[PDB]
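This document starts with one chain, in the form solved without the ligand, laid out as structure tokens.
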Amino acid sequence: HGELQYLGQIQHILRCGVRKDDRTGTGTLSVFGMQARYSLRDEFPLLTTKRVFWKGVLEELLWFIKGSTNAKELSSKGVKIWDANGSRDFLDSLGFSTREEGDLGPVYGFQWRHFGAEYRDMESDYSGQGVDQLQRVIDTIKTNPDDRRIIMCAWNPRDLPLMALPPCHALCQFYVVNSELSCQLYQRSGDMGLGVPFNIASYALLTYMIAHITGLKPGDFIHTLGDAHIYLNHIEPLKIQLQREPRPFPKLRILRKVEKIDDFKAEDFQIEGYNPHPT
């Protein structure tokens, strides 16, 4: 049962993780290198032992797909998760005094749609500039499913100093066999308590989107971590969470036939039979 991998990873960090401080100095238990496999066949891995912010997951992903790098554009949809990184104060602390509030720099949206183009600001038109990794991935899946190079890469060493934050999700790779689309994520840093459930849901959702566009069935999502960590103030709550028995995973329904990845709207998606334990 898929959720047990996530719970197993939490268990492994609690027993075997080492004390390690972070950028803030708040401190973590930490393991380097982990891998879980979540099936996507007739099930969607939205974690049940604690409710995941589904709306956040879906809006953030649509925001990525539009190529936006404007925190305000996601904030308008009710999803505040990138606001603090776009605030006047946070931007100033990075030496970006000339930058408009909300401008996160060349993050996910830009990298996925315009890798290697020259970043100016969040409002600039980038049409036909840089590599549209998202579409090349869709195209390669359609014309040459056997290809071992189906990669979308958010890690851009040249652009790192211009970003409000360097991406947690360095890259993902897709794979096709037996009409099934699988995806593997390389996530360099994982907050196991707060980030990871949301992170698992994002890339599972991305895979469902691309599978729908390409006429394939969802296969596996493979979650690979670098620095897998639990914050010390999360140990006691997570101990409570480990006690709960997972309910069956919900399903994800895609409510109409959609032709291009850019056409997906939030209302196209329905989470069915989601039954989480209280927060």
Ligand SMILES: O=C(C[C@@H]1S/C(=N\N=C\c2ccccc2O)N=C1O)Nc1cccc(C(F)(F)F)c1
Contents of the next structure:
2 protein chains.
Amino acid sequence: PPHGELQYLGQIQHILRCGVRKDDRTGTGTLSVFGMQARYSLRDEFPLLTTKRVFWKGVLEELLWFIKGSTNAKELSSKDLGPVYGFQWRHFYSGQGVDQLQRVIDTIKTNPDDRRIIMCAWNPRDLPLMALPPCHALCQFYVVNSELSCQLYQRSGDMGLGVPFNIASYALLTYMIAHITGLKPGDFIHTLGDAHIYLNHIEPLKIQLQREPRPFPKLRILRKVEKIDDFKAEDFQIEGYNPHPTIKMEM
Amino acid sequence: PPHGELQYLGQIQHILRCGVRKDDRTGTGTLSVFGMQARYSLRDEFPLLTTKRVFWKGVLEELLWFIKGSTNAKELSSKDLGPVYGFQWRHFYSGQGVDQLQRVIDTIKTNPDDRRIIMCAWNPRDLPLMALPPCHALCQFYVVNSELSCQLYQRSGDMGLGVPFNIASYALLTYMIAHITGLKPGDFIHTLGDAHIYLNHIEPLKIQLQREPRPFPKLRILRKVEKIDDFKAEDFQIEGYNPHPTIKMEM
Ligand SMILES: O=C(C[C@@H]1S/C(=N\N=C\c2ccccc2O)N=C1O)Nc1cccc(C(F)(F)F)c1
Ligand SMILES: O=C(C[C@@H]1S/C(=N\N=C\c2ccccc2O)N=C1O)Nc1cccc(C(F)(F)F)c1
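Since the structure above is the form solved without the ligand, I would like to see how the form solved in complex with the ligand looks, so please show that one next.
Below is the whole assembly, all chains and molecules, this chain first.
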């Protein structure tokens, strides 16, 4: 079985070769392809990329912050709001609004075959801009044979910085939900609309491309946890993570 | 360049071999895989499948009906509400609610680089069921180099009946929007969550698999059209459609 990270490497390669020039909101140069998908197994492994060191601690901490429902930006001082944007996962507050995350968990428990196990995230800058603002990301969950799978659709994906961080974030989220629903993690599927590489990330990425992936690490949850709000950073241990060196993509 | 329909055939094959048994809402047997994607070129061709005759007339007529915003079910007598569900494309009436379709068209015109060119469809049975009900489908548009591309994400896809019909529907929609925005059709990308085959469709599909695709036909728009509401069925001509025989999938 080939290494899942090869998908990510192949997508970078594909964008470098066939990507077309396209400006973003601020007009600052990307190579762009529309429509991509990769599948990462979560079965006795965890897709924390190995061709560069991924900031796992920030992944964990930021996900925990989102599961809390916190809007205090400084409440996230664990030592530009993207790329996960989980601000409306819990409320739209101790009972005000729909709780998307809790609804996902309950549906998985009350009707695992449901095709509507879906949670959305919005870029907060979009909210005052218009009514019925489009989500930045939709997350769909899926259960078969006691395995929980997750598919993330992002309307756009920064391949150098955001994507590897998002792969780890939603994989971690899936591990958490599986844990509290008594299921085993299955697949994480990552699907993009506008998949793009910033011009200034090109050379660093060309170097990363020449690196050989190493076996993905494992994620262990060290305690028995009951409710999604109960997880702490200390309950998690990444083991066997042997990545190539950090790459600084200069945003 | 291999025939795009081969993607569809390969996905059927993949579901037959690796699909797992999963019940739907009514509990009536499918083989299921989670997460799929196919890309169909719209450049001087139109992805109306050839390994069985696709009911083009119903495709066109139903899309036109949705663009109208009609809720009179009998208003669609052009001779179970799925699989497109375009009921909220225009209103949520001559000015009441967000007009998703018109907003897509305007954004394409006022800011073609926008990553938020998105329109959603809901299964109407979901609406009274809960607040913030998940869409059945999200449709994202994308513009580069005067080409309009479209990606449809469906939370679930009936591979035998719904999928081929949806491929033609969203391809047609893309042709229409391109026409009125002065762009050329690019790619239609079809992405599924729960991609599935009903048990009773298996044998018919196994037979369809042994059929060789023929070149896709072309779609011609016969008149110069200005606003999306102005299209009529008569403005469209499918040419060079030489499909294998009709296959009845017995729902
Ligand atoms: O600096 C960031 C940016 C993070 S990091 C990120 N994406 N990371 C990608 C990434 C990280 C490590 C290795 C490879 C990667 O691609 N997205 C974010 O929102 N977050 C942050 C972390 C700690 C503290 C602070 C604060 F609060 F601003 F000081 C911010
Ligand atoms: O019977 C249908 C079902 C259509 S057809 C469809 N999907 N078609 C798939 C398909 C069609 C032709 C060939 C191959 C296919 O896979 N989905 C639908 O909603 N629609 C219809 C058409 C005309 C008239 C009526 C009415 F109003 F009920 F009488 C309904």
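Positions refer to the first chain, counted from 1. We call the rigid core the largest set of C-alpha positions that still match within 1.5 Å between the two forms.
- With the two forms fitted on their core, the C-alpha shifts between these two forms stay under 2 Å for all of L205, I141, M152, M163 except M163.
- In this overlay on the rigid core, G193 has a C-alpha that sits less than 2 Å away from its partner position between these two forms.
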